[PDB]
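Starting off, we have a lone chain in the form deposited in one PDB entry, written out as structure tokens.
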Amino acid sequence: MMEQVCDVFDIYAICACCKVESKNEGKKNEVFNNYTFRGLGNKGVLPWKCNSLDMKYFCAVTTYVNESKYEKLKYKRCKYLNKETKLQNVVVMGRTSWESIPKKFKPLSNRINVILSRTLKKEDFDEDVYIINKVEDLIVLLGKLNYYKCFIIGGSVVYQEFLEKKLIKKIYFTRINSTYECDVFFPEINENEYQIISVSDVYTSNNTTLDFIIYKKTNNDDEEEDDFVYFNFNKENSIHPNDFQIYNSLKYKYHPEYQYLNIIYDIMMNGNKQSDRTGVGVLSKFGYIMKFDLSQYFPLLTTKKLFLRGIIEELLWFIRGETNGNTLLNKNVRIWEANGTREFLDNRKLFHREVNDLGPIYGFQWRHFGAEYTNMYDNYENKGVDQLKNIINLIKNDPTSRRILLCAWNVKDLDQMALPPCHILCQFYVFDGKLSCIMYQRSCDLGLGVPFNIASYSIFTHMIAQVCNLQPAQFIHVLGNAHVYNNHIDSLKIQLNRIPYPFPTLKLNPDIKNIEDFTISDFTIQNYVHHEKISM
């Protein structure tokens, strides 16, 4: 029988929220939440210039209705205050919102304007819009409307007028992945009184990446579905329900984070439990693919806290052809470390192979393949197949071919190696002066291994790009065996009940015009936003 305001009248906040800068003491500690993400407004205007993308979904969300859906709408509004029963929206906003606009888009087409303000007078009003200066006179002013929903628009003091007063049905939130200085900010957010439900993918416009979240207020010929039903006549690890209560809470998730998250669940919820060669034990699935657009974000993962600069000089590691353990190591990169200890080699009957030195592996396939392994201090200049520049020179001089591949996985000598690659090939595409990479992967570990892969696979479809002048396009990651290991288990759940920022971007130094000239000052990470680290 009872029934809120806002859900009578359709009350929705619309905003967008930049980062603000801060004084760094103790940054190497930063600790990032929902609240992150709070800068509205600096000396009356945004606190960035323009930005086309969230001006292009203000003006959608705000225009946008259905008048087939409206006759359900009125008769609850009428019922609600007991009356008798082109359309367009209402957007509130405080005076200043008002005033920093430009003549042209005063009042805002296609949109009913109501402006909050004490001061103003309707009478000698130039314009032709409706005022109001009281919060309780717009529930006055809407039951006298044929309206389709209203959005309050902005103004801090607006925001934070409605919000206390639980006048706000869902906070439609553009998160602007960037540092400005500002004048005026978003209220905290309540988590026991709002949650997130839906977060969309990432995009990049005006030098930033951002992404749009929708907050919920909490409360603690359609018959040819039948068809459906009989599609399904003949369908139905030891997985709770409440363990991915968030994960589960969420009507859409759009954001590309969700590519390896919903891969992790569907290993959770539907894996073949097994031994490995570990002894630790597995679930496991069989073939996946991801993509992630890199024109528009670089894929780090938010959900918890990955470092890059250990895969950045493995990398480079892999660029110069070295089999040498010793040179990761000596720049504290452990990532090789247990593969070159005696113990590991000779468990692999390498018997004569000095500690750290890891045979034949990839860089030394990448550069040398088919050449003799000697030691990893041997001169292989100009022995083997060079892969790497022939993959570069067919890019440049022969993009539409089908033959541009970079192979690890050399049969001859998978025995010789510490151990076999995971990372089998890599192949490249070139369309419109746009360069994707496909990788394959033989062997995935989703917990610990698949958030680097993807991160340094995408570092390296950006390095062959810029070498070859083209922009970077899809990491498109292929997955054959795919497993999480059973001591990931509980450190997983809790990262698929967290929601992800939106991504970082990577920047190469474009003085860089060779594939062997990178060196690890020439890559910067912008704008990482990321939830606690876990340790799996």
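We call the rigid core the largest set of C-alpha positions that still match within 1.5 Å between the two forms. Numbering follows the first chain given and starts at 1. First, how it differs from the form deposited in another entry.
- Only one entry in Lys43, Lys56, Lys69, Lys27 has its C-alpha moved by 2 angstroms or more between the two forms when the rigid core is superposed, and that entry is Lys27.
- A displacement of 2 angstroms or greater separates the C-alpha positions of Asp128 between the two forms, with the rigid core held in common.
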Given for the second form:
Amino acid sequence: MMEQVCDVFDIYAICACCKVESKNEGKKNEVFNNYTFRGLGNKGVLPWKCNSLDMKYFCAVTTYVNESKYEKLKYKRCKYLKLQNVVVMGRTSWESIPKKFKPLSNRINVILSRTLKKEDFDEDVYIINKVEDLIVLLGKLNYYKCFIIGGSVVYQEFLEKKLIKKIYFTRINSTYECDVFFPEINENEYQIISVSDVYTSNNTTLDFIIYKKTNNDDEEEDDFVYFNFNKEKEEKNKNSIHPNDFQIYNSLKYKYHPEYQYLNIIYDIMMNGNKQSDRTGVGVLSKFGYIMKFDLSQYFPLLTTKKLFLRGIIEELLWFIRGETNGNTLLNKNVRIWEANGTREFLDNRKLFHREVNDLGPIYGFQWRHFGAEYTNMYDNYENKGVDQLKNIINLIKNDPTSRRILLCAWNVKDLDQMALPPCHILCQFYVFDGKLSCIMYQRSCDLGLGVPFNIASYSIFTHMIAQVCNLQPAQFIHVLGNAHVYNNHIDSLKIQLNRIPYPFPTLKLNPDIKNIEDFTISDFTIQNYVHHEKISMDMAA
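Can you return the structure of this protein in the form deposited in another entry rather than the form deposited in one PDB entry?
What comes next is one chain alone, with no partners or other molecules.
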């Protein structure tokens, strides 16, 4: 009955917007949102000069054509009246391009000039004086899809004009000085339905998202139904958890951003979890056995759907590497991760009656550097006692990289009961190939709301640390979850969190002068270009 113009002539927008130089109140509590990425141009060029992968994406999207679908499209376009896509740009933009790469290859180029007229453009490029003139020009042409590509105000002229069907939008995750903003996309008009894998090109991370116009072989298909004949017409926590709760999450089609490996596991435990009591007395939803993989060559996987802070987590890791068991070393730096596990009362309830407050016993650090040595107190001298696993793994990686025995184990069975509590991060295995280091960490118990997000960062940083001091490049961090759980108190915060759309991940920089694993200090670590959503108190109370 009714159908809109954009949908009929298949009219699209494709852009790339970087972060924009600013100056703010004082502190860097800089709130991020979608308008964060708006930088289109600087003085006739891209604010970043050159990006080999966005270029490959642009050329891929604006020259891809599917002939065997044209029949349907032609039929559509005529019902009011070699195949190539149409690209459309403003004048500034067309003169920004070298004559080398003009006209744009395999594309019907179409410029908007109120000025110079048709009869001097010597190729087969078209020209039109107004945006309603394009519509008529697509009537007289055989083309697949039409792509607006061109300058601030050409795009601007479509918030009200509503001729765009989808925005193909590259997020370039780095700050450049910019002459031209991009129009503020109205959340009520266009909504994101797809997010890509995160990449590294030309010394920045970037991802590709898709906004869509809001509306406010045949045989073997039955065989699939047949093979699914023994499902349930329901879920499990359909009695607990509702559909409409995950409206933005469920609305997405392509969820390829690596942050979805974490969010999807939350989803899976919420929808399919098993309801259990536990040691705490808050209950959980639990499942058993998952795996995530992060590509550290391309990004640093610091969750972006909430705010995470890493000073504490980095000090803790530095404190593990030194071999320390002294809770006080962390408390004097206002790192309080282990405080509650070092109190008189907590140690008493563990039957550690003869243990000094904050003497956490032969926990991670003592096992990494002194496995099997007899623990006394947090102040004794342990130099050259026990097995220095940490040193042994760095020597294996350097000298026998194809060894299958490169493991770092904290689960010392003899010593569990002397620990303030037994370790969650059971062990680390390493794999080296083609100058690259990959790390698996097995976690026996995984608090998906609070713990896991830090656990990922922690072992990613460590995989970087281990790689730099071994003259290797980081490849994958691989996280295996044993008993994976969402505390009930976290459920509401995590519903909120699943409905947020990830930003491209940050990068981690290490001070490259550090060549020995003992030699890192807090200042040697820098998280760059961390774009993130607002913090979530995971227990929303007090």
